[PDB]
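Engineer: Spelled out from the first residue to the last, the chains are:
2 protein chains.
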Amino acid sequence: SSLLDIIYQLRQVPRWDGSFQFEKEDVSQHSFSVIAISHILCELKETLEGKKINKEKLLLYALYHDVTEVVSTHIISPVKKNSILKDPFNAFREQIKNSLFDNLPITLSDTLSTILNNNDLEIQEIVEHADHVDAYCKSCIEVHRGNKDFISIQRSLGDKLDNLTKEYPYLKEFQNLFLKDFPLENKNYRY
Amino acid sequence: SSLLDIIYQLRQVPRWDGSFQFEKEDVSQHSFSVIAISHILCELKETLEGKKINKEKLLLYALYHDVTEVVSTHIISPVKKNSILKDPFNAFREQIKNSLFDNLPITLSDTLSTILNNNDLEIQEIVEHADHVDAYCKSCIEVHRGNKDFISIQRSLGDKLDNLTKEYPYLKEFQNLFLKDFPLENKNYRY
Ligand SMILES: Nc1ncnc2c1ncn2[C@@H]1O[C@H](COP(=O)(O)O)[C@H]1CO
Ligand SMILES: Nc1ncnc2c1ncn2[C@@H]1O[C@H](COP(=O)(O)O)[C@H]1CO
Ligand SMILES: [Mg+2]
Ligand SMILES: [Mg+2]
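For the record, the sequence lines run as chains A and A'. A prime marks a further copy of an entry chain.
Quick note, the first sequence lines up with residues 2 to 192 if you use PDB author numbering.
Quick note, the second sequence lines up with residues 2 to 192 if you use PDB author numbering.
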């Protein structure tokens with residue numbers, strides 16, 4: 002099986018191609034953050050919208066969200082979302098999904114196929130929102146480090162986030178809890 | 002709240018201090034791998050030992066397993082497990098846990114306290130096993146890159162893993178599925 006190799010190979014898939022970064026980010030670092038953000042968003046949404054989400058399925062979907070990038074590499078969203086490329090790349094992503102875990106024990110292979118092909122629209126939406134939050138957070142950290150090339154990126158992502166918070170109360174709450182002062186300049190909790 | 006800052010600050014906590022690495026590893030990369038390994042181990046154990054584990058609680062425990070290292074830094078196990086330091090460092094880790102999420106909404110703060118203070122012995126044990134698997138995997142990748150300084154590390158971790166597989170059938174199955182050929186020299190799944 003290639004499953005464990007793929008989990009570690011995600012460290013070789015860089016994000017933010019075409020942008021200068023003070024800290025290079027790989028898909029594994031990004032995915033760790035997205036799992037944590039997805040969890041927090043889920044807890045806020047459950048309390049706000051009076052429900053219980055299947056957190057096992059959500060966390061697993063966040064965990065493997067970007068696993069197909071071990072084949073596709075990470076195509077930055079200004080490229081991937083071009084009208085010329087949007088639908089072709091989604092078709093490519095589907096071809097990758099269908100071939101990835103080709104050599105597993107069937108109880109395990111079905112569980113992985115279940116995650117990658119999850120048709121739960123709400124779980125898909127939470128992780129998409131988490132992905133946007135994480136990209137915004139990275140842009141905040143780069144600007145904090147002094148990276149002026151990320152100012153316009155932070156502005157674009159922050160504008161979209163602001164528009165999202167008008168339609169999704171759990172995102173507005175997340176923004177109020179964590180994104181108005183991010184990153185923390187003084188790491189008081191270390192001491 | 003410091004929660005989101007801490008999630009990203011884990012990228013500044015290096016592992017393997019005192020060892021030459023071809024690839025520097027941080028706690029966020031390691032934690033991503035441990036979440037995935039914990040999931041796989043859980044699925045194997047459920048099928049082998051005829052049970053169902055609360056995977057939400059397991060995945061959350063793996064996700065925040067090392068969060069106190071944002072305060073303690075990552076103390077390598079040959080140091081942390083010295084008889085002089087073993088119990089003091091565990092007491093330190095407990096003091097950190099008690100102070101970490103000091104400024105959260107109570108529904109969220111209780112959920113985080115619930116994770117960090119989880120007294121589920123089986124979940125604790127799965128993640129401890131996942132931690133050992135991940136450390137072994139890292140040592141395999143370093144040796145694969147040509148890092149002779151990791152040969153003795155790989156030998157030590159592999160010896161302990163082998164002894165563990167004699168007592169835990171789900172670990173023996175994991176080893177048979179993934180660890181006999183790791184990492185993959187030819188990344189066929191990319192093509
Ligand atoms: N304004 C921007 N300029 C350049 N790259 C950007 C960007 N906004 C996002 N990215 C990159 O696209 C990735 C996000 O895509 P996903 O949500 O699919 O992970 C980001 C990191 O490469
Ligand atoms: N033989 C060895 N020589 C040096 N560092 C080692 C080691 N074995 C493990 N480490 C490091 O200790 C960490 C593992 O500890 P945890 O399980 O608590 O994460 C490893 C990476 O720093
Ligand atoms: Mg993502
Ligand atoms: Mg760990």
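By construction, these hints were calculated from the structure, which means they are not laboratory data.
Treat the hints loosely; a few may be bogus.
Given that identical chains are not distinguished, each listed pair holds provided it fits within a single copy or across any two copies.
Computed cross-link-like contacts, BS3-like style, restricted to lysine-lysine with a CA-CA straight-line distance of at most 27 Å [as the list claims (entries may be wrong)]:
1) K188 <-> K98
2) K81 <-> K188
3) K56 <-> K188
4) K161 <-> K81
5) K181 <-> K98
6) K87 <-> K52
7) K25 <-> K188
8) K52 <-> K149
9) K149 <-> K181
10) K149 <-> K188
11) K149 <-> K58
Engineer: Which numbered hints are broken by the structure, listed smallest first?
Structural biologist: 3, 6, 8, 11
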